[PDB]
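S.K.: Below, each chain spelled out in residue letters.
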Amino acid sequence: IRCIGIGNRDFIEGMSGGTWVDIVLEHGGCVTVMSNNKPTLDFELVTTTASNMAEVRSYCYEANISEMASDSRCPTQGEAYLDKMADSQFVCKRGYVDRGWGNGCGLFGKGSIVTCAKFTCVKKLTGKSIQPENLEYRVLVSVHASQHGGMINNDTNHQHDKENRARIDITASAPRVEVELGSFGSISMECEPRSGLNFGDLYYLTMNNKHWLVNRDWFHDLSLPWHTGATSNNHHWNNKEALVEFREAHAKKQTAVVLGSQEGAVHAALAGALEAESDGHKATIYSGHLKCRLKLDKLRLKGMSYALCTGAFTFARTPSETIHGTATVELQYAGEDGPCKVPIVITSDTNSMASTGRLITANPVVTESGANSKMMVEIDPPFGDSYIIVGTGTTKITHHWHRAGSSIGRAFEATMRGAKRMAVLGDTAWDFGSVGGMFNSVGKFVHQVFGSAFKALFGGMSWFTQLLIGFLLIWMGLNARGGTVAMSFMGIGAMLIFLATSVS
Amino acid sequence: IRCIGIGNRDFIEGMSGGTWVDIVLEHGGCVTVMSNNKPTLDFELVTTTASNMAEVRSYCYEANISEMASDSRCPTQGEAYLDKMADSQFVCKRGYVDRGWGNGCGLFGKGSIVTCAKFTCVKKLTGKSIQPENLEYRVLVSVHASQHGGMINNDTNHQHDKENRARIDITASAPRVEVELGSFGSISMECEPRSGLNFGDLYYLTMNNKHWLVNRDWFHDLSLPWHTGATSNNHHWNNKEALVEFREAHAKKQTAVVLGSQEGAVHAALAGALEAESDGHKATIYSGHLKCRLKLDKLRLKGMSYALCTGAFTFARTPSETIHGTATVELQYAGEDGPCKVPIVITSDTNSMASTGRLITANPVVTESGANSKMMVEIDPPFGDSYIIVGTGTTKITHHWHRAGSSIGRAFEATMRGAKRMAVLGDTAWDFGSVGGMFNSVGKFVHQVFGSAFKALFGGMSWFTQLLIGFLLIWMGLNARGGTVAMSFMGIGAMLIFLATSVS
Amino acid sequence: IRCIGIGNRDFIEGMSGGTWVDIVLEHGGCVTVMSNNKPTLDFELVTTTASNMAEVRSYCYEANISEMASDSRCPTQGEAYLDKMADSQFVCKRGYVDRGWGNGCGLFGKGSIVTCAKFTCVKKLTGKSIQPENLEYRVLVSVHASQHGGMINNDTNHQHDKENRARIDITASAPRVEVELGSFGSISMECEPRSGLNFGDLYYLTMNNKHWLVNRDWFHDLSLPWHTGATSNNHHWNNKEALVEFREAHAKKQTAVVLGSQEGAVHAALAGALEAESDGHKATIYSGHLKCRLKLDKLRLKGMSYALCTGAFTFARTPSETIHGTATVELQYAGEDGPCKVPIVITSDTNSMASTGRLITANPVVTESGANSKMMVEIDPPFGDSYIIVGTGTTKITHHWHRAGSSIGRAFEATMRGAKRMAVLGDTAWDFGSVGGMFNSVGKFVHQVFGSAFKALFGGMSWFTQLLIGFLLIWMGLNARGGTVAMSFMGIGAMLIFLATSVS
Amino acid sequence: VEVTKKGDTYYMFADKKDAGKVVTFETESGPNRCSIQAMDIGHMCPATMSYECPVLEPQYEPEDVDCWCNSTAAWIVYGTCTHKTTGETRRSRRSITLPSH
Amino acid sequence: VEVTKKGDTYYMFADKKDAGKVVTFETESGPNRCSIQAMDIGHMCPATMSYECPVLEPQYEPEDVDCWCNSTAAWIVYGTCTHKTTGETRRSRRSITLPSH
Amino acid sequence: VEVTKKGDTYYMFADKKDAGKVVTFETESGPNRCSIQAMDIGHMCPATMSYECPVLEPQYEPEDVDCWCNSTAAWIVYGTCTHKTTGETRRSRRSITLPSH
Amino acid sequence: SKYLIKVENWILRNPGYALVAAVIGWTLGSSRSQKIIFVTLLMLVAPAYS
Amino acid sequence: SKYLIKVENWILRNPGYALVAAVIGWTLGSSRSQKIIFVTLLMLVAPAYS
Amino acid sequence: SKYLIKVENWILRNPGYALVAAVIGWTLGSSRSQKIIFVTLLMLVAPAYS
Ligand SMILES: *[C@@H]1O[C@H](CO)[C@@H](O)[C@H](O)[C@H]1NC(C)=O
Ligand SMILES: *[C@@H]1O[C@H](CO)[C@@H](O)[C@H](O)[C@H]1NC(C)=O
Ligand SMILES: *[C@@H]1O[C@H](CO)[C@@H](O)[C@H](O)[C@H]1NC(C)=O
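Chains as they are written, first to last, in the deposited numbering: chain A, 1 to 504; chain D, 1 to 504; chain G, 1 to 504; chain H, 1 to 101; chain B, 1 to 101; chain E, 1 to 101; chain C, 120 to 169; chain F, 120 to 169; chain I, 120 to 169.
It is worth saying that the hints were derived from the structure and are not from the lab.
Be aware that a few hints might be false.
To be verified - One-sided and incomplete, this derived list gives chain D residues near chain E with beta-carbon spacing under 10 Å:
id, residue
1, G102
2, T115
3, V258
4, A269
5, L270
Unchecked claim - Taking CB as the label site, the calculated pair distances span:
id, chain 1, residue 1, chain 2, residue 2, range
6, G, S261, A, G78, 29 to 35 Å
7, B, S100, A, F315, 55 to 61 Å
8, A, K298, C, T159, 52 to 58 Å
9, A, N209, H, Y60, 32 to 38 Å
10, G, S261, B, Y60, 23 to 29 Å
11, E, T72, G, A273, 47 to 53 Å
C-beta: ideal position from N, C-alpha, C; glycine also.
With the rest of the complex left out, here is chain A:
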């Protein structure tokens, strides 16, 4: 039920006999996977986790100085000398100053003056690199089990039945994971962290308990003191003159000064930069998509063998409507019959009693055996006016529903979305290895690209007339001697035969 209130929601349906199915997950969206006999699953990607990041360079915005010393020699004495020059922690500058009898020596000529002082970095910021083997994605998996749908369980402490929700950590070391959903069964996932945001031109900047991302060509352009890329208590700094300002000149000395806090300059320069969050030493990124392949072999239903409900069904409120034309129904059941299957139908008139639409949640069931229990389901009503009927006998309730739009419009939108998805799945879509899965791959993707329109167009899914139409179309394409008219017709005929062979 985690996929209900999401703006960017898709719909993926696989072949009836097709166990494998590929999907793409975006960091701001969700994916709903449904089948004929398998329960509906909902996949979401929460956060990109970066851990164990190496350090490349650290800059020092605010620094201090101490023990300023200077030494002056006038002409015919050579260059000035100081013992602290050989020390790596003391920075000095040389210069030439005018001298005379007022300064101690007689010959009038410019003298050599040197001035150095210590350098201590009181505050600093750091830059880290990001390697593909360090990334770790987190995906939550939910199951439509006719849950109550109440938002009271925000954290992961409790109120989360381990058979209804799960979390999976996809790492670059082992991309193959086995997910256990308890009574529902087990699934397999193989995710490939590719075609994401480039991490070869990005540096993770940590500064004053805040974090940003910067460009590598800009990080080296910054004009501040910097050290070598090693972990040392005290490291040989470089280009520290940019933080120590020397006066013009003096006949006997030179007084250096240190610049103030450069935090404001960095905050102003990083205005148009991306931000992130961090916990301890790990970082969280909210950008990046993922491609995955799911194997659904041991996944089954939970209430397929249950009986019918012989109690009283009642609406809890007016059924709401989502942006994707899906209707959520919240039912309250009275009686003590235990877990029983919920008899619900969608038709065009109260006397017709003919299924006209499909259900997003397969096998709606009540979870507890209480007297007055509650449950929720999600369905897809047909375009136009429709009637939802719940229950049997003289106690069955009916409700009117309306939905705007057109079937052809939705079909074309879904076809375009599937084409865009298949275009995103450029690599790792087919397999050119052992033979026997190539035809399976071409059938699988033609299904994933055309089934949304096949189900919407070809009548009431009789599975008998469509085969005859395909046969007659193949015959019409066969008895044609002209070029470019038999190949396309036979291809379309085979496509329709295969799409009818799959689940409708």
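Given the coordinates of chain A, assemble chains D, G, H, B, E, C, F and I with the ligands onto it according to the supplied hints.
M.R.: Frame of chain A; chains D, G, H, B, E, C, F and I with the ligands shown alone:
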């Protein structure tokens, strides 16, 4: 035996009746000379010796100064003067400095100041020239006398029988030398030190007990004090201002300073230079080839008249194989029969007993009359598999041997090497003087260029069939009226007749 | 005689009856004007004089300051104010400085500080403009009066007979001048100062008793204090901040400093500039040519009526030769006959006695009546060998002379020079006013362009044969029906008739 | 030092000798002790630097200030030249350059 | 002020209180009277400015010099901070700017 | 210091100890007090700097001169080396470079 | 809008009878546009029998 | 390699008989290439009589 | 050089006789170049009668 372990080894064979023979010696290789009735000789060039080298120029890298003096005159007094100006050991510089009442005289103008100081060269390096008449080459001559072949005699102190090895000093004064090999006989050598490394654009640089070679166009380009080679206690120097730095400008004086040791600069500049070694005043060069002509008139064998060995022959170890496809055999003889000829044959099968290959060492013999003695020989096995048999009677021993490659390949390689050698021998190859030696010269070089293939190709050296083939080829070339078919055929026929007339 | 030693010397000859004649004077050359009955004149241009030049702008390189004052206000007080701001002689600058409790007031914000000081220009340079009405040219006029030719009279104090030399000041106000040469007569000159060096893109820079000329497109580009030319004791300056360097603002003050003498910078920038000289307020320029027109109406000879010399003539030295093939002869006369005409002839042989050349100095005469007097003359010998004869009777002296070159070569060179001169005389060459002077103008310039070749080519100046040649050429051109052959021939015939009608 | 008043404002003519020492004078409020810490003070000559230095509370120590009095704000003035040679320091060393041509 | 010698050179530990006054000490040559005109002198704290100030003849006036003694050249050292708050003045106001992106 | 005369000219052999002090000697004119302000003076050793220092009138201050006597011009000479180790300073640091090849 | 979706859903519910009616009305027009009008007539009267 | 050197040495040992066999087998082919195959056959069978 | 200037000056001294000789020698040649040679002959022999 000095020519066994050499990578660059050649093989020279002369005409049967041809006494004179030309050779070329490289400083990194060896030459083996063999004949039909003459013992095998081995020539090598050890070192190029340069002695009595003249001196051209000497530089002074590190220098000292002392007794600095200066003299200043202000305007309306003329040029400054000092008594030490006329001395060649004192260098001074002139200049103009601003003067006033503070400096002694009244008029406000700039004056003339001069400053000189002594110059003493504490350390210096020297440059020598190399003349062709100073060079002296050293060539060692060894004789294959079935020596033990032990490498225990490295120097020239002892363990070198004077009848088996010799040393020759080829000088530019007398290029004709007569070599005495004791019982073997005497030979004559005429060597021409030509086409060697050019010594007209090279200078021998001596510095700090080390030596180098430099270019003449670069030696004069160096910017340092210098003086030519004149035997004296005190030398006059030129361009010494490059080592004495004067200060800017002072009204009453000028303090000069001397530069430090420039040994590091010279060591850095001479990084990509060639090096050598020296002993006392002589120098050793390891580059340069030589051309020689040998006259072998009084050279004979030593054990041609000896009898056969009726003792016991045994192998001392597995016979080794060199890079040139030559096989060394180390034999141990038991018995007391005195110096006797070693009966050894090379065949294809134990029952064939037919000589199929040649011997690099002519007339293998035992040197001493001891009970258990040892000896060594070097042979050339035929391509493929072969059997070496030593001794006669029921005590003869046999050994299997194999050698890869092809006879045509070796023949072509030897022909190309002989062509390259004859191309190196550009001058002093033929004689255009008295007639009678021109045909001898053309026959000699066609032999030295084609005998390696003649012996390898034309059958089993029967000396009877080859004459008939030559006669029939001459006849076929004679009865042909067409052009360009009789000249080449007659030439090839005469070439083959001559090559069969010579030694095979 | 002022035109003898000049490299760029021309020769101008006018028509016999033609009084007016135009000439061009260059600042580095001379002009010689000769006629049949008029004495030879020599015109030269000495210096271009510029006076009464207006002032455009003045710069101040070295300046002083005094009475520096400042005023600072911190936030919640408004802008700073000072009474000296409204004064034009005090320059101030504003700024914003950080303040706090350490600086006097409470609120922690940055304030407004202003600082001004007086400005007094101790030394300055000036810029003047040059107008055409200010220029004044000076031309010296000499007369060939057989003067001694001694260079002992350099200045204008004495030793300059007022009838032999004169000076003329050509101004833009009155270009018409009347020259009096004493006994020789009077001439008229009309000079037009046009086509000279452009004075619309040049500024006359005066600095430290030195003077230069600069470009207007650089004079305004200089970044220094400046003020226009206004007669006053105290001037208002603009853009003086370029000479006063303000120290970084302190907590509540600002100390300004003044730059040193910028004379070195100006001397370095004016390295590639033109220089000149000045006297008082006038300037002297050595570049610029001039065009003039001379009217010779009242000019006559001085010794035309004198008698012959019956004394003794002698050479004073070997006659010299100038670059223009002219021969100077220095004669010494013995006897007391008073001013008498010098009988001199130029011929080809001592017995021929036929005038073959012309004289540059007309009517050579002796000036004094002394016993032993001296005189000088300048003649043009014919190409080849010639004899100069001086005197009559048995006391006449002869001298040989030789001159290389060819008559046709000199004729062509003079024709090309005359063509160049006529091309320089673009405007004011002809007159398009009243009729009657147009034919005079075309004849005058065709004469000035072709007479140098006419005199050199057409025989011995018989004045009788040339008319017959012209008549026959006119007849040959007349009896010709073909086009482009009668017009050119008739034109050349008329040209030759006119050139023969003039003086030869 | 000389103490005058021109237009209800006090001027303190301080020469070079009184450098780094305090001075007490009288104002309309009463006695005023004012300290002078002028570092760039020079000899007496026409080049005179003048700047107001302000009154401040005793508890707050001066900071980057070389003149302070406690009655009111006092304007200080003193010459700035070298060895009474009627010459300013003019040690700017800007070395302004001009275009060649 | 404290006067010590470490390696044949004299160090004068001068605090804030001794600012603008002379002091007499003893050297190997004899008595030495040395004047101190330190303008940027501060309180005692780790930030210590130290510079040798040279001997000169009394017949010359000091030029651009704030320390001079007459026995030899003497090395002066003094702290530079504000109100003993262990903080330097650091009033540079350079305001270095960085590229945006 | 030693004072000698060789050829009507006075030489003053001054060692390192007499550095910065005046000395009085006798000449044909009378007593002469001559001051020496040599800064780079060294110990006694073969490297000897010698330069004439001139007489001048006492009513003028010295401008660029470190030696001045008042009878005549006097030639001063003194060694220039370090710690009497028979070694000159030779601190030029020119570092002349040679072509490689 | 209000009626197009209804007839569209009706066609998609039982397309066989709809195609039968369409092919019946296709051959009952004198001109091409007349056949188009007749089949759109059947398309419009299809939802309500009345 | 292993057999080429053997047959080469055999040919070079007794070239007369080898050339006799070659000239005999040269004239026993119908075409040029057939003669070449026949002589290479003789070349190959030359080492071992069997 | 040495003789050209002399004959040139001679021609310029008395051009009538020179032109007479030139026009006389012009009509005594068989070809154009021959006439040119004959007139240059007269030009050269003009200075010295001999
Ligand atoms: C200024 O401060 C001094 C400090 O002792 C004090 O004596 C004087 O009275 C004060 N003047 C005032 C408050 O006007
Ligand atoms: C330094 O000068 C002072 C000035 O009074 C004097 O008392 C003292 O003796 C001098 N020290 C010397 C000469 O060593
Ligand atoms: C040099 O000057 C001193 C000044 O005290 C004087 O005593 C001495 O006599 C002078 N020497 C002369 C004039 O030779």
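S.K.: Starting from the hint list further up, note which numbers the structure goes against and sort them upward.
M.R.: none
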